[PDB]
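A single chain, nothing else alongside it, follows as structure tokens in the form solved without the named molecule.
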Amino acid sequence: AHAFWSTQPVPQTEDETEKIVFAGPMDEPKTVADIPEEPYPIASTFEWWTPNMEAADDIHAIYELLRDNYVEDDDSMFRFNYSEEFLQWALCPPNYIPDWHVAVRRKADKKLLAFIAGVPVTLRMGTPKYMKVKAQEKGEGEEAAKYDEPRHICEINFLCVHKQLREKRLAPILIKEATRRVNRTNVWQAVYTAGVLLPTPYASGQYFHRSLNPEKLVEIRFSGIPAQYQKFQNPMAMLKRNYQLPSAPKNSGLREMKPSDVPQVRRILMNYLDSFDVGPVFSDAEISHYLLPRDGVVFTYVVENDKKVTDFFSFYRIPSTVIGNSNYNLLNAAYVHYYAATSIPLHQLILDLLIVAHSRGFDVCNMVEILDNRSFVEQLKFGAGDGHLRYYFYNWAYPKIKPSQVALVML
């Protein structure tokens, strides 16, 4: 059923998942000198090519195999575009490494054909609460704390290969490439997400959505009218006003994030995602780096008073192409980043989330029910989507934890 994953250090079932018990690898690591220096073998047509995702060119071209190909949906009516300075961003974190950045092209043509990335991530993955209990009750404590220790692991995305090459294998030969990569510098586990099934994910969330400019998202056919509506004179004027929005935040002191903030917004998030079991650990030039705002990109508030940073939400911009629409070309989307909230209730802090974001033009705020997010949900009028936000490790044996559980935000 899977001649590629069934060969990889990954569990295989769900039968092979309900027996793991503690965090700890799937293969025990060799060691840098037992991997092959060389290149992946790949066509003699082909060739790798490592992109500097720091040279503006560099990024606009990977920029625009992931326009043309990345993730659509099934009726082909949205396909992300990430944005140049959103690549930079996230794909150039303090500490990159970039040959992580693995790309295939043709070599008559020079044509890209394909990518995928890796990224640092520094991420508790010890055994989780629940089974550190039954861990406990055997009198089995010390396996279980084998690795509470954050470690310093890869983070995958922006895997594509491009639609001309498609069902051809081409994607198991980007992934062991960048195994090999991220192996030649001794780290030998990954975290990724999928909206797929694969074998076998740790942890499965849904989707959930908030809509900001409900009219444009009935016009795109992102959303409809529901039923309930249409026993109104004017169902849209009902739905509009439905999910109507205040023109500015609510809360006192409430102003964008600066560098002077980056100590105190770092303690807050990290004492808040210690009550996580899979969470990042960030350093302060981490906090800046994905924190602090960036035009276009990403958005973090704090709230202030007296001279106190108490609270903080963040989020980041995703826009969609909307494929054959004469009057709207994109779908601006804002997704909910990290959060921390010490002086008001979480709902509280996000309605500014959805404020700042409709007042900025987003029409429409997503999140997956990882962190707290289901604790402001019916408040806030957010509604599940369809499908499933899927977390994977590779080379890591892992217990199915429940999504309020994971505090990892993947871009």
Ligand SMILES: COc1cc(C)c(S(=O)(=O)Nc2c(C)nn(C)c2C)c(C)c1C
The other form holds:
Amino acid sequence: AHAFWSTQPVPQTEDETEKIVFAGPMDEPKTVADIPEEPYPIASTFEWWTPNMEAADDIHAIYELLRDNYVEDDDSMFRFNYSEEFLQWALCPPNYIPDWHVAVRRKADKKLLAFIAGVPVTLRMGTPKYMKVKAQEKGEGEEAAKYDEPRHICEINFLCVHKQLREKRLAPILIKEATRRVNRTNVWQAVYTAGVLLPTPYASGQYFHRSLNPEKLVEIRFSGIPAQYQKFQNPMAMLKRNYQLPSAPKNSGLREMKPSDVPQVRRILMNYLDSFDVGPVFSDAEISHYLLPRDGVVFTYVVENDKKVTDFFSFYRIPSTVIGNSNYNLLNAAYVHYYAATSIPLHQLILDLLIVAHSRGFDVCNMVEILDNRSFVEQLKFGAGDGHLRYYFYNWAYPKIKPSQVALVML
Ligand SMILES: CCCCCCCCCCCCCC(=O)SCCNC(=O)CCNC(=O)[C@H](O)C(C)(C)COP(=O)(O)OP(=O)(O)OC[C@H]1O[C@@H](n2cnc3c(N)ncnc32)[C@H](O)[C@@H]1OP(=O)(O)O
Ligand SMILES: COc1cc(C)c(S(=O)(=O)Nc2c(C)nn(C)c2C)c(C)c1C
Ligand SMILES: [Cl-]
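Show the form solved in complex with the named molecule, please, the one above being the form solved without the named molecule.
Let us now look at the entire complex, which starts with that chain.
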């Protein structure tokens, strides 16, 4: 039972979301005028802060909080170490609302103690296709199509409470205050993801990993050596040999994206994302922001043939701190970002992703089984990991769907 989430406009059980048929809001309809103008009360020792994301030193304070207190694996072996440049890129997309970046500071020292961020996203989130089918069958097509237009909502990420402050009910307060700031801007839904089960996910996808540096991965215990490797003479040379990759990409006419590619990439991406039930809609400016190369952050390649961009792929970097091994500071992980293929098989496109990631020193390539990520798992030698990313809506009834019907990539 959930003293906080039970008070919120989300489905409360698997049993409620396995019943839902149509997309739509949960709450009573409200107005900005209904929403308190004063920030939510907190204890007298703390204060609310809006970081300025163009201030290197505010970014840095958030960076440090996340470095020491953000997402750990279950065995406390790894913790994310999102870089400052990554934080600026993720928190400041085009038309971001600074007010949606919410932090609790200690009044005395101004030590940052908690954070949560919302950025705007235009998301298609109407009734899924299979349910629209049933609706037609039933004469209920208009109810099913009512919320088909892409909606300008809020994407939540980087919720983090300082280690010393955990289990003190501060996360609910951060969430209420973020909710308030967003509703004050006339946005009523949010989308978020988590590694944990909360009430209640509309989708759930398993993690997959592709070793680029297996020796390092085994040393830090990201990876195991399978038993079958023991009935070999030299376990580690076999492993290295098995995951080896070309040093140079195989698709002729692969190069990094440039600003002039923006409209074609937008067009091929939007055509592809259109086939999923849940997915974002991006403008030219959002295609430039989210996909143009920035060093250490996001890496994006196109296939151009005959002055036409026919294929692209992208990945982004999140290094993780290796907590208990002292020979290594970091796991250097590449995360599959958006892509589209029209001219070659997806596995052929994504092999070049692995090749590039490896040649630029990444240790592993990670992804969740959304988009068409399942289609290249076996041929590219990805193995399932033990985590799941669950996808959630705030104030939005949504039927259960498969993760291969989700086209939103979380940072
Ligand atoms: C219209 C706009 C809407 C805007 C808002 C949209 C919703 C946004 C929702 C947030 C989207 C975040 C997306 C991401 O960033 S997911 C990544 C979350 N961050 C981390 O895991 C970093 C490491 N962990 C921590 O910093 C803390 O443990 C956190 C902050 C996670 C919990 O802090 P703490 O451990 O000190 O606990 P508490 O006593 O203060 O609070 C206990 C309550 O918190 C509920 N809890 C636990 N984990 C999560 C979680 N990941 N999402 C939502 N709720 C969570 C829990 O069930 C309990 O509620 P209830 O069971 O009593 O009911
Ligand atoms: C969002 O949730 C997850 C994210 C990742 C990235 C993974 S993971 O790749 O499988 N492992 C991992 C690494 C390399 N760093 N961190 C901080 C974690 C959790 C897992 C298991 C979960 C549950
Ligand atoms: Cl992630």
